[PDB]
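All protein chains of the complex are present and in place, except for one that has been dropped.
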Amino acid sequence: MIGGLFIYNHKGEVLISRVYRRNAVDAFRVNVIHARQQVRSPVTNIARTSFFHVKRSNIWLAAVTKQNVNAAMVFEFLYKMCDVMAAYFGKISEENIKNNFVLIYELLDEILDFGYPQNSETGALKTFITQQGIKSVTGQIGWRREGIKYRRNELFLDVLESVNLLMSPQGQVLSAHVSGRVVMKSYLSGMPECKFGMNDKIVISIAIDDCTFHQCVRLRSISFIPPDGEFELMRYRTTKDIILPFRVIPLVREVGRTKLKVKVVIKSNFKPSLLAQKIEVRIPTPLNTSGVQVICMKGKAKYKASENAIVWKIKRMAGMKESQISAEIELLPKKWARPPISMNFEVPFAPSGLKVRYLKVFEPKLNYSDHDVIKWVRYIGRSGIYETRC
Amino acid sequence: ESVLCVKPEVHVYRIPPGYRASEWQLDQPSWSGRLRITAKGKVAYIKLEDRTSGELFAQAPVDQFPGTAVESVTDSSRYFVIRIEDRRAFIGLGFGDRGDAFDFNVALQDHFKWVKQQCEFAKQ
Amino acid sequence: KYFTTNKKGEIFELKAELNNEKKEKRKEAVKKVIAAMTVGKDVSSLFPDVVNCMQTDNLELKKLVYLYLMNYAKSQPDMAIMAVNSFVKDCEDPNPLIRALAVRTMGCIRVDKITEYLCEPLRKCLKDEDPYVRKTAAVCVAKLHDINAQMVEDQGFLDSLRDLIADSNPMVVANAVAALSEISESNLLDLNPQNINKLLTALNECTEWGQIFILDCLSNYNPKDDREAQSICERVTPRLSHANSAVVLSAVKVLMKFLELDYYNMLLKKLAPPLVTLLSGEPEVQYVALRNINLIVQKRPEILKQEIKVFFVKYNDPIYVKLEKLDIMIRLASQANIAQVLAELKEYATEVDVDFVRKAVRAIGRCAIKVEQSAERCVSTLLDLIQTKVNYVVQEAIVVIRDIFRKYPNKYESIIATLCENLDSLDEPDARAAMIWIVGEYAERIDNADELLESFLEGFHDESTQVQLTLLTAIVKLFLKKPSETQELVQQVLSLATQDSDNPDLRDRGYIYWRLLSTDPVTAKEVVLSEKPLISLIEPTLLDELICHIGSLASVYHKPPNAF
Amino acid sequence: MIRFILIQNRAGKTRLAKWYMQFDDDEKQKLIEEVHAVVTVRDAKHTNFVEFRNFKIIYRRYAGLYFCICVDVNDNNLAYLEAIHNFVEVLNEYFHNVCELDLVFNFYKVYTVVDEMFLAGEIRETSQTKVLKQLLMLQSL
Partner (left out) sequence: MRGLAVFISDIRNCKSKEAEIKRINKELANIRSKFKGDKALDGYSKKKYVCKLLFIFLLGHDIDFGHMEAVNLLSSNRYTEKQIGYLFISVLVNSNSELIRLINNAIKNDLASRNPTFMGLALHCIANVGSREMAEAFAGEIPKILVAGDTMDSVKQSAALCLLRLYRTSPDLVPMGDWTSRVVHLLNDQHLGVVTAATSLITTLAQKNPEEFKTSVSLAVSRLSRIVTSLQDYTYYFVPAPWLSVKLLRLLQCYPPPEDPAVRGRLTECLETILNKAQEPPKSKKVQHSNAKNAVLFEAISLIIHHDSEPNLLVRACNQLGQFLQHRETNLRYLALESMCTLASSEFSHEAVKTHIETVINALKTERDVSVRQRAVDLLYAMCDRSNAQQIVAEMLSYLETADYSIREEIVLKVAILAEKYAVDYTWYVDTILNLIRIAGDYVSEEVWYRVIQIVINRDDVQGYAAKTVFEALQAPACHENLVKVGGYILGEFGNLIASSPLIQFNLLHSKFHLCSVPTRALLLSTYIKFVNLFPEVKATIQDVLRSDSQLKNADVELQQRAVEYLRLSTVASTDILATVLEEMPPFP
């Protein structure tokens, strides 16, 4: 039955937990909330334990269980838990729950008793619950003109992203944020009305989770009217659950002060139907370098003496593969501080995890449909300061 | 009989008359409640019903979405003018969010997308 | 140590308020403790002072101590046993909320020492006159069992729970059947004249949750004859229209089991409307509703044969029900309604969801292979999708038309000219593996096939091995059809597959093709260029298991319950 | 150098947050959130040496309070680990068995103690005596 209710916030911090017979707490945190590449089924069996969850306004309502529970009943209970909690709070939020930690403890011993859901009718609970809750015209579109009549209706929606990463050489992701934007060449005729939808990867020096819009955007579903042609729709930054496209392994073995053995292994952390292009890896050398023997079997690499960095230009790299480069650097004799091994690439997905789910287009007067509109997407991911500490 | 879309929070404004939005009252609705869009085959009905009991207030056959039975206001993308049958009469709907007036327009588009489409397979 | 001090700070301000005599400040002091537990503060020094607030008569005060005792009933059980001597005082007072509060709290304490303190106040609560107390005394028996108590005394308690099934208030029979179902994993005397007739008279009266546990118990019932199985199904079928996602699938779980039977054709017209209106609910309920339709339309296809229009995909659906309404749309695609599916699958291929368009285009291919009089429509959809010139559609339609050329040989060859105009837009390793086959086979007809494979050969490396094997097979098929003009390619690729390549799976295909063509090209036509056979669901042993588990989570994964 | 000193509760409400870099008002708020996303997780069997964002966190668990001193990578992390505990004992004998609420009701006197020991990103004073001979001279002034 219901092994317990785990009300999680946006960050993955446990607001309210109940257990009815924890590794189940952070197995939901790592593998459902901070899930990187997985398509989100609402119920998932992760290591012999089932994880039901229902999101209501940036709140993860996990109902973690073990046995063979009636899965229709759990999901119908996780709604009935909200419709009680909506009658006491109004909107479910991180701010209303933290004001009402006491009330939710009286609900979760009244609406369920040892996992079994009970008589959760809100007219009946008011005799059994003593705690009370703590509550809290567009005249002319000035960014497109009248009578745009194109011969063919199109949307070229390309999501442009830049990836910034500083990774410790132990594989610990120290700093990771993606500063990306959504650009759409809009060749729609008439005066259309889009409803851009997307998944929940966007929150609506140090990088801050942020998202700004165009002036046409109106605000879970972005609804607008597109200006004529190209316009930067949505600019954002996000620092959580970044799909890192490449892992760089800096295996550096210094031998005294007369040699330097540098081995760098790239591992590609994306699926092999995708394919990354224009890979460049800059492996920095000491300042007193007198001559370098690069032996890499895949791609081209050469010692750039004016830059003091081994630039390893490999043209294309598919997903899930890996490459090596060896460089027995000779030195000419202070210890050498190690600047990071920077990497430059382009990937045909969005490494922030942003995926476009739907984009309808309605025009009221001179009618055409969504299925009349040839709609492109083109996810372009790119490195920025993509460093790995040597 | 299917249900195309059903939404609460619509507002009925009386019509002094075109059909510009600001020429109405716009301050207090003459009715409020839940919107239901039903489909009896080829004839689409809009159903203005109360949000508590289900009392049907007003109802309008459409049969032509670019036709005069549903006419969007030239000013804004959310306020509408509907031809209620009782007897032909003009009351004015007006919706809260744009997504509640986009999903109204799509639901009366996709039903008449289907009615024309079955007229194509009838010829085949 | 530091920062504990036992004399000031947050604790001594609370121990001054917990020992305040007026109960107006007591209630506001315990509320600050409970909010201090969730953040993680050490309030274990407050424990013998909160329990002094139980000596009271105010109802709002005892529920606040019990929440302080509930969180310590499960996290640190050896502390909650310090308060057990005031629990059994509260199993005897009036205002029988408190009767149900003490029995609920003692059930959560996982210490073996409560059993001589709980076994007697359960027996007064199972015969209490206010049936809110029996609603949680019946679930405490299932809480006493999970405590390590084999307990033949609790086998004296199961004598009371079977009496609780024939009670008067059906919120008691909601838990008494729910406890006797879960304690039956260690029973449930399904007497045909008395128990089943009393379970079903409970069923029309219970809560919307007790009508789940009764139907999850009748899924473990076996009829005596087929005359009984009709008179049970005539009382479950009124539970196919209730306002809960859960009750209906549990009433499908009984009906799909009790079709061991005229009425067998009558019941399938009654099982189809609620299984269709099971999809007007919220998005997570549909994902359970669709993956139980996905068993029913495999097990008994004649139920939802005529209702494919409801399973169409809306734009605003989440992706776990866009990929699942797509799958059930394939299994219901037949000769009559392939005109409505292919005109609908063309509509999903002009969307923007990349991993949904990539499956909506493949669903055209699973309609051409499934419905054999409709491949002209499935090809005419795919040759129109490539006219949209969308590079994630053309790179997927070129893989599907490969699977239509294989299923249906030498009928649809004429569109290869329409395909290969978009040769430059091929980038994916699966899409390029499909084009090299389409030039490889039918190279007797494509005149410049000797140049099309050579343009792939300059970048032979830095490709996937799926392409490198296929290009090795295609040039050899080009050799054995034209052994006069493309011989200069066969020295090339077969000294690229063997002399250069390091993959031995590519290398051993090279030398096997190399030793065929240097030995006997007459035999080599019989080996490489032989007429290939045509190409083409839960396995019914596993399927008949899952229909016993329709509503449950075993069906949602399509996995048997021994993998949980 | 020391880049910030951070006394924070287990709940996350900060008590001392002394900054030694130029961070914006929101950048100060996010770094605080990232510290107790790290320090609240790991227990006493782990090291006190978190490799935080670009530079180390040195923390100690004190009975519900975490004293996080955030340090460059090339500094002696075991020396600043006792600079935490040298700082706690100064708050001990100055607040006379310091409790948690003495950092709240006397927040301006904590800023004197941290400017007495940790000035400009660096350990100014090491002595517990010469602080409390100086710091108790300020109190009668």
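Of note:
To keep things simple, chains are lettered A, B, C and D as they appear, and every chain counts its residues starting from 1.
As a working rule, contacts are C-beta pairs under 8 Å (C-beta built on N, C-alpha and C of every residue); 3 or more make two chains touch, one makes a residue touch a chain.
Only one of C:416, C:528, C:538 or C:543 touches the absent chain when the whole complex is considered: C:528. Against the chain not displayed here, subunit C makes contact via residues 402-403, 406, 433-434, 437, 465-466, 469-470, 473, 499, 502-505, 507-509, 511-512, 515-516, 519-520, 523, 526-528, 530, 532-536. Residues 95, 98-99, 134, 136, 170-171, 249, 251, 253-257, 263, 265, 321-324, 335 are the ones on subunit A that touch the missing chain. Residues 1, 14, 17, 22, 29, 45-49, 51, 76-79, 81-83, 85-86, 104-105, 107-108, 111-112, 115, 119-127, 129-130, 134, 137-138, 141 of subunit D touch the missing chain (whole complex, contact as defined above).
By our rule, only the chains that are shown with their structure count from here on.
A straight line joining the Cα centres of subunit B and subunit D is 63 Å long.
Centroids of subunit B and subunit C (each the mean of its C-alpha atoms) stand 38 Å apart.
Mean C-alpha positions place subunit A and subunit C at a centre distance of 24 Å. Subunit A has residues 221, 360 in contact with two or more other chains. Listing the residues of subunit A that touch subunit C in their complex gives 1, 15-16, 19-21, 39-43, 45, 48, 50, 54, 66-79, 101-102, 105-106, 109, 113-114, 116-121, 128, 130-131, 155, 157, 197, 199, 221, 272-273, 275, 315-316, 318, 355-360, 370-371, 373-377, 379.
Those residues of subunit A lying in contact with subunit B across their complex are 137-139, 193, 195, 218, 221, 223, 225, 360, 362, 364-365, 367, 369.
Taken in their complex, subunit B has these residues touching subunit A: 21-22, 26, 65-66, 72, 75-77, 79, 97-99, 102, 105-106, 109, 113.
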